[PDB]
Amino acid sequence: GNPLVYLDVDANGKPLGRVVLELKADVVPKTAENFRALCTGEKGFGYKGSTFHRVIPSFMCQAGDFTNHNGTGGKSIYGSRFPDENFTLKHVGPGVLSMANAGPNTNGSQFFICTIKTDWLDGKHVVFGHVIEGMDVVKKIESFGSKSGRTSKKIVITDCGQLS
């Protein structure tokens, strides 16, 4: 079976709830494994305590920069960057989990959860899963974003890990 992982998210230090994600290890095992291990923190680093630093209403919520907390940082379990595994899964609608990057073959740890269909990102960002539960939490995060991506509340992944 595919891993299920969770992110427990605060806004301004108060809990919003839990986002549960299915990682499509069947389609993108290398990309799924990176995210899974960053959720557990088993390599000695990962998402716990880090933020959603860029959130744009009617677009997506972006997180995963656990080194610089601003979009410039992050790293993978393999090294600083790893290749685009494939573009088999598409940005079909709200709830899609996909890798942020800095162009082709620059995946690190940054990711985004879509709040709309983002078809223009097909073939540019590796989709590797989707929201199983907690779209309400995602919509809350979204509501704290802005046109510029600046958040109006501090959005923190307080706890994360693997459910199965």
Second form
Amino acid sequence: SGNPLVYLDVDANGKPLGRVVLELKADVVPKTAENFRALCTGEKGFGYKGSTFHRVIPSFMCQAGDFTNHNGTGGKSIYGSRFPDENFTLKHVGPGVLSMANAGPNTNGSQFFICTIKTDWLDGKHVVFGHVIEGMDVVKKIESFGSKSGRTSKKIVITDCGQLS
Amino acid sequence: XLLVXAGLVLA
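Output block for the form deposited with its partner chain bound, input the form deposited without its partner chain:
Everything in the complex follows now, all chains and molecules, and the chain you saw is the first one.
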């Protein structure tokens, strides 16, 4: 058993923003945690490396993980195009929460978000599966390049990612 | 508004 740690090393224009370190709550949502873990290691031959934080809304969240269309419209999971909502046990309790983006019920793919506030109106609709344990300052740097529409000012790239533990 | 979706991006 164990709750994985993963990392995202984020850069823009080949200049580092820093590292974000996330705990995945495999104790509660092991299927969802495993998808994210594997997308970080790249062990299935696709995953987050090279993809961007495409939608960044200050005072809300940073969204990433579309490594197929590169704009919010895509992504895929290690289980197929989509997989069901595993459970809604974990809630959007505050800043640093890691949760799945979706296109409605049972449509988890690869896209995800990191909260910068509590987002409890998403409870019961988005599967929470972890949280940031180091690098919230990095997340705040990402946020500085976002906008109300969510458009970013530059390509914010997950240049490397993987599993720490 | 403040949603996190994949395709139909909403208010």
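Throughout, rigid core stands for the largest set of C-alpha atoms superposing within 1.5 Å between the two forms. Residues that one form lacks are left out of the comparison. Numbering follows the first chain given and starts at 1.
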For this session: Once the core is aligned, please say if the CA of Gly17 is shifted by at least 2 angstroms between these two forms.
Result: no
Exercise. Rigid core superposed, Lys153 Cα shift between these two forms in Å?
Worked result: 2.0
